[PDB]
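Modelling step: build the complete structure from the supplied sequences, incorporating the hints.
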Amino acid sequence: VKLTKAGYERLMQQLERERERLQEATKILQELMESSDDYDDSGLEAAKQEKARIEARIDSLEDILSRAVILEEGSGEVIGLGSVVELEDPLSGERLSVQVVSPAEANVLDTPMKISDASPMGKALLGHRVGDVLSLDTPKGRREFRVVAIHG
Amino acid sequence: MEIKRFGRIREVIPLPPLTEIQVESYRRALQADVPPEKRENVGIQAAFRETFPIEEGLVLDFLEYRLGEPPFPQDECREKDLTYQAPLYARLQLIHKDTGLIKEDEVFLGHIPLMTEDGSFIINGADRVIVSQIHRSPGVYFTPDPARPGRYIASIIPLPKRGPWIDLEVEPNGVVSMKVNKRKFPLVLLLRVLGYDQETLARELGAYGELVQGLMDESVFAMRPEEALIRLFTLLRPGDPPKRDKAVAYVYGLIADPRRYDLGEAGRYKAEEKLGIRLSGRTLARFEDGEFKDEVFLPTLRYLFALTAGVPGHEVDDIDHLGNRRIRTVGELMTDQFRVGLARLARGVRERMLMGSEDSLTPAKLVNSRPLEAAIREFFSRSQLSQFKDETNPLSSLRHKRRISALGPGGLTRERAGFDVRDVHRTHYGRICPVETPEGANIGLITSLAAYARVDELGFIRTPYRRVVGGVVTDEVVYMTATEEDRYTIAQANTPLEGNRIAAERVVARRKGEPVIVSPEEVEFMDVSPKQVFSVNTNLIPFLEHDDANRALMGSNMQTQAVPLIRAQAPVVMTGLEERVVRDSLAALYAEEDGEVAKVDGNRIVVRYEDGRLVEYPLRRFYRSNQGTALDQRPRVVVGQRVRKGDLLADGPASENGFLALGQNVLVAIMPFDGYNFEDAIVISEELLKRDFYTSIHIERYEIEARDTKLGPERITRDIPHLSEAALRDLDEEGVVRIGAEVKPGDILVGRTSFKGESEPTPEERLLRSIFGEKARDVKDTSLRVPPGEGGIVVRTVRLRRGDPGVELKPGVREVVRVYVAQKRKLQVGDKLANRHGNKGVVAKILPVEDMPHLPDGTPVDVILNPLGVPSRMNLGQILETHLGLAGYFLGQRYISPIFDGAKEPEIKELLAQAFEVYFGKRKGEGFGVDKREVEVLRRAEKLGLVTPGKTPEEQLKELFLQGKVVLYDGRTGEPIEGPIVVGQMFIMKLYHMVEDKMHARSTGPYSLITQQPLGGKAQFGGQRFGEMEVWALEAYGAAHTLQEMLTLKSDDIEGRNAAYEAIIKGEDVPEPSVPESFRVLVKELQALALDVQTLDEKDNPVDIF
Amino acid sequence: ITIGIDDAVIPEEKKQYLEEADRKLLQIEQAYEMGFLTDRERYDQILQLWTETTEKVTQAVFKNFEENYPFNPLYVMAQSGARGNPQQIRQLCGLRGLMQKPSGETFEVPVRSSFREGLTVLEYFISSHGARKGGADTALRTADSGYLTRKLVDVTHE
Amino acid sequence: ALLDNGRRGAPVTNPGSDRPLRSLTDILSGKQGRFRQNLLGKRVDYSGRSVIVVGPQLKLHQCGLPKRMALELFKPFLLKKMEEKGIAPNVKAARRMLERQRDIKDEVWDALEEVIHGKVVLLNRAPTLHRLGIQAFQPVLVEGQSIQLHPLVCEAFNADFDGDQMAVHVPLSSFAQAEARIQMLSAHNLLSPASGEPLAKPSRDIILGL
Amino acid sequence: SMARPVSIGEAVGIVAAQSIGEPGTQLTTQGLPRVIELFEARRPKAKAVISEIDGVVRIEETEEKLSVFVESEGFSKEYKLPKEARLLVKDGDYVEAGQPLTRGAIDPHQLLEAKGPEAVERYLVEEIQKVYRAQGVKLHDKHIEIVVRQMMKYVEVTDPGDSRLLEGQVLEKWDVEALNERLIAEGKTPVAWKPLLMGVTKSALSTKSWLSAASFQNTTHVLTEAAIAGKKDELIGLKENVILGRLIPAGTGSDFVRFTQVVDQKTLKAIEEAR
Amino acid sequence: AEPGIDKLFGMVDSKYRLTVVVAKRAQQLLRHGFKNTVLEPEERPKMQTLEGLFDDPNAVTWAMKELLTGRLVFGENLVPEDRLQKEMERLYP
DNA sequence: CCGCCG
RNA sequence: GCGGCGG
Ligand SMILES: [Mg+2]
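Protein chains in written order, with the deposited numbering: chain P, 5 to 156; chain H, 1 to 56, 63 to 1112; chain D, 947 to 1104; chain A, 580 to 789; chain Z, 1210 to 1237, 1253 to 1499; chain W, 2 to 94.
Hints are not guaranteed to be accurate.
To be verified - What follows is a set of in silico ranges between Cβ atoms, one per label pair, in the way DEER data are often shown:
hint, chain 1, residue 1, chain 2, residue 2, range
1, H, 1012, W, 32, 44 to 52 Å
2, Z, 1395, H, 1111, 28 to 36 Å
3, H, 388, A, 638, 16 to 24 Å
4, H, 1093, W, 32, 34 to 42 Å
5, Z, 1217, W, 70, 24 to 32 Å
Just so you know, these hints were derived from the structure itself, not from any lab. Even for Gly, the Cβ is constructed at its ideal location relative to N, Cα and C.
Here you go:
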């Protein structure tokens, strides 16, 4: 498991948030079972089921967070984990910004679109350097891009 | 009253014949209405030809099956405990190998039950229903392996149950497995047995699978052909003869085990499509030519090698897909047992072909009605499937007439395996209501079927969809098979249409149970109506769209427990099926053809059709329902009236004006009272009882029999050995009790007399009888008395003496007496009512109109529902109904709002606005303005954010009424209730829960003879059980004596309970319990056997319990 | 205090956050239609999308009541230890969004409606699976007849 | 035979019943044997049950009970008090007097309500789960059939008002009565034995108002 | 029920059983099952190999098999962690006896051996709460204790004095023997025993009073063996004493108060007048 | 609740004890006649239709009300088992 | 688990 | 004995 200081921080905070959510969901659960007024309603199965979806995410965050390596390599040349890549399409001159990270760090919401390590486009980029040109398959066809550069 | 309906989704085709499932099933079941000439030869006829050509040479063949003269009529069958059956014989002719064919033109072998016009049957006096059933449609499927996540296994399911249950597994470490009855054998072995040789086989089969190496496995047994057939026998587990006893093989040929289901569609369907392609015969059936043909065995493996390999198609079979589950219509169920009887009969007829003398055998010698009657009889009266028709109210009956169960023969499904089946599956869409299942154990296992859901040729619940080629939608519909629905892309019916064309680019549709936004060009099929998604029963809730599915169920189920109220009112706001339910169910009586009314008696309506005919329709006056509810038909037509074809002549038990009504529409305020509406309590206004708003009539059927003892026949006469005349009044008729008499608990309903203390006269009671009056009737008083609880008014009586007209009097039974007792059920504190949305509750306090919540204008409310029960449970629908219901009151109009297409929030405020001009408009003119009270609540309303500050009270109140809230003064203080409160006309009902069933209060009484327990059964009641759960309860408390008291003084210590009783009589302090008869009885029970159980003192010594 | 369909107020931002999430779904789609995200990652990110979107809308409604209608029937009920559960209220004013499939894997699309507004045909049907699986538990788990109270009583009953 | 039947062959009554005659062993063991008798328990005298209804006014101290039921429940006790007051000359008279409800002397009620003065009864919920599954209350005679129950204890006995029904019993011995109202009365069992937390916690309605 | 100290004569046994049972209804390993597994000494689905030796850790990675070695200067307890297990103790630091070397649930028996009893107890108690806690339920540890304690009220025998080896008898009944073997009558014939962990169900099963046994187990055998040795059933416990119909040994039946008398100063001086 | 039950509970070393005392004293109240009390002068229990609770309402009610005052004595082994029932019948008609 | 109807 | 049903 490999994480960036950024990645770590994020997953650590999310974990925090889900703990608050679990404590809430719990409180809730407890109230229901204590009510014993309206049983057989989507009062338990929902509260419970909800708490579960949480605990699960928690086990995933604790697992990943319990044994992840941190690679401090902001100065490197070839695309590796933590590397921020930029790809221009020869044709449209489109500039695409991405960052390859471990499966647990992926997130299209981030500044550089964080792509999974074992992600197709993710695979394609690891092991290459500024200048290279490569393809992968896409529903519309297949678009090759040229690594314009690689910031930290 | 005007009836406005707000539906905007053009309902394309009328709902189908709701009872069609049952009705048609039996029709096609016993094709008995048309000549032997008509084609339809399934069911009866089919099961006939299946086993009729009997070849023992003996040759008995089938001609025609005829039947039709019903022993007696409907009601007679009920009045006399008679099973309404038709008589069935059939022409048969037995041939001989010598010259001669005697045809005994008639052998009545059985009596099969009939089907009412409503759809119910009458077995023994009572009306029952044959509920439909589901199972794995006898075919062939492929499911993933148990634990081994690796590869999947092949199944081959055929019913009836006796037929094998085949599976095909492949475990690469050494075998290819085919299981029948739990034993595995080389799949090849059988293959060879058929002719498939290593070479041909592997080459056309092993085109692409190395696995085949697993088949060409026999370089030893695979070189001997017909010898492998013998080799496969060895395979059978028990020591039998090598040769001919190929019976076990004969069994998997063409007759008994594989299925005799209609050649072409029954099994073959699961053939052609799912795997291989052709079916020679009916099943892997062929014992012809000495060599066998199994165009089935190889392809099953042919698909195994395909599945495990490439993508011939993605063959993985989802078990629950209704495309693999069939529904067993009554017809099928009944026809089922029938051929079981046919078989049992043919069983003995072959025996009597050898016992045979000569040509002198035909009717008698060949046919014995014994098997077939016990057979059929057994089904209708013993099968766990036909039951007591739930007729709390018509609707009730109708549901119970159409639900599906999983439990049954046991071969289909059992109890402890269900988490998977209980789920409403993807496929249930428009085929199984997702809401009709019952709460608690058995959930999702037993459910009612959908609106348009109709059972096809072989059971897969088909649903209706609309064709749509291009961007065009048709008026042409097709009932798709669950499986066939997946091939297309269907779209919802909420989709906007300008007439015959789609309306938006991005329109909703569901591919394969998957929500997808599709384009107008891709829509191949569209939903008929939202209705189809749920059940009839469900389709009755007004604003279901706003109600949590979980509570919706309670709501649907609740309606089934509604009870017939004298004054029946249809819902101020209805769904649009009320009319139909009553219709298709047979509560109300409609006019066949056009015409005029002749007589409008309160017992019969006679009309004259314009076609030169005049009929008399008798009205079932006041019949006793299966659940004990009033069932009368009240004519709603006047003398000499021109009736339209299909017009209500009279209203049914709960249908008025042709609409279904169960309970009444009451004005309701939705707020909290002291606490009378605490948890789920409901408050009621005396004012309701006053106008007999909630009153159900009830009937209990007490019965007694004049048995024939060898001590002396029990006589039923006005004579009662105990000499009282004041209690003999009501019992005027010598033996029976007078109609119209008021019977209370403890009164004699019927008198009877039997012989003394068994065998011998008492030598102690012969001296007492002789002292005061030796000539005392030696007969004893055994009379049917009014069982503690209640009775009421005797209304009908039935006696069956000697010369039986046409009744089946059990043996020993001299004569029978039935007494029907009725009473009026006015709503009282313990009664429980509920609305269609799921708000259920009991009456907490019956409030005097005097001080209950009234509106500005004198009008008080009728019931107060606690608001708190609305948030937790999620059923806004009710609060909605209430709003609309509010317009309906002042606008005096009922509305019809479709399921998902119903009324909408804007439109209601629109009618509400109109309602303000009626409520407040008359107020302005009548000559008065606003109260200082109304102003005061408006202040708290504006500070509440309900009204827009700065407008006139007039304007304000309007905006406030629009929200659905009005003002309300207490009634007790006449002071307003700070803050607008919502109120309206809500449809609520009383349930089959009278408190009549709720108060056994015991003081003293009967004890068991063998075991010392206060069991009841007579004028005395039983005492509640204490169970250990409850003892612990006491124990924890440290409630020593309270517990001691339960165990002894109140139960077993005969002598103890005595002292206590006496003591209490003396106003003394109950005696100290020394030894439970249980203690002493144990000592002895232990003495009686070896063990010397000795009680000891402080210092290990004796002590006496005795 | 009483309930009225209007008392279940829908927060103005619902139409916003949903829009924000909606477009947001497009990005994720456009991203896989390019080949970046694996078949699985697509899934999980979307759930994440709503799991948060839904949670957002939850505090929104609440915020709306706390600032504008401090005395809302529905609201007040839930705040006071009276009745109501945040999760439920959300199904009223905001929306119940994620209902799972038969097996367990939660649904890809969310239940965009609130109970206030008319829950759609399908959304309902889909929401069904849950409620049934829920009653399922209660049936087996209830009828266990407090067996432990029995087993527990058996050893500690002396 | 009389010791243990079936251990070796099985004795039958002459042709008529191929049923093994219940032997001593058979009389002790089994699901419904004898060692299993005194335990599983049985039915109580002076019992009753009915539908429950919330009693707002009622204090946790008391409980709403239907006179009609009280009558029957406290029949013996009543009888005696009947003689104590000329409503009847003897016990058997009191009884014949009560055998027919049309003639409920208004004075009898005075008596019944007089015999109940400070006695209490017990109440039971459907599944008795914890010690509080049964509490004791002072009965106050009321109209109707349903039984008035105090709201605050609704939480104790998992019990709502959608038609649930509770049973009621009577402590006959002045010793039973005692323990009943001392260590078993409601108002005395406020905290839960499960956790030190209260079980008389004010519920939905109350709170709301407050 | 109150808040002051527990009154002598209270059916705690009961009380504990109840408080722990009611809740059971809403616990659907995850859930009730686990509670059973826990009350019943069992080998859970996801077993986690405990360290019988208390030393330090060292791991060998990459091969169809991963092995965790608790090692010291003299010996290392070889632990085979399948290629599909998840371990969280790592190459380097110390590990007490009975410490989660694998991830998941633990097996009582093993944990009893390695660490000892005071740990099994504390483990159960807590591992129990763990569920109710996550289920909203708030029950005092007391009760989980009362129960669990009975789960080890029995012990086996390795060194005999009056009775033979291979015995499974009451822990306390042995503190009476060894107490009176060294104390009152001399001759120190030590009665070495091995604490025995039994599930809740089998603790009941093998209870000591015959009356009690007669109810559930076979009624034939129970009476048979109690016959032979004239067994004297000292009536203590509610079950047995119920059958007698006698007053429960607990509650008001408490021997502590079942005997108490009341006097009016007038009768006290009147008893003194009888002197 | 009940009149100073807390005061009562304070007067016993264990809850259940109070019950036993309470009870047996209610018994002696009826057995040996209902005039065997200690606080009848002023503030003796009372009823509502006719001030007659002075004669015979509830026993236990009395016991408690008596126990509330320092009149009665209760002990493990206070008076010789049998000698008590003998002296009681003697001094009470 | 407890309860009731046919 | 089996179906149904209340909490
Ligand atoms: Mg209920």
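Checked hints:
1. 1012(H) to 32(W): 44 to 52 Å: 33 Å, violated
2. 1395(Z) to 1111(H): 28 to 36 Å: 34 Å, holds
3. 388(H) to 638(A): 16 to 24 Å: 56 Å, violated
4. 1093(H) to 32(W): 34 to 42 Å: Given about 37 Å between the Cβ atoms, the range holds.
5. 1217(Z) to 70(W): 24 to 32 Å: Given range 24 to 32 Å: holds, Cβ gap about 25 Å.
Violated hints for the displayed structure, listed by number in ascending order: 1 and 3.
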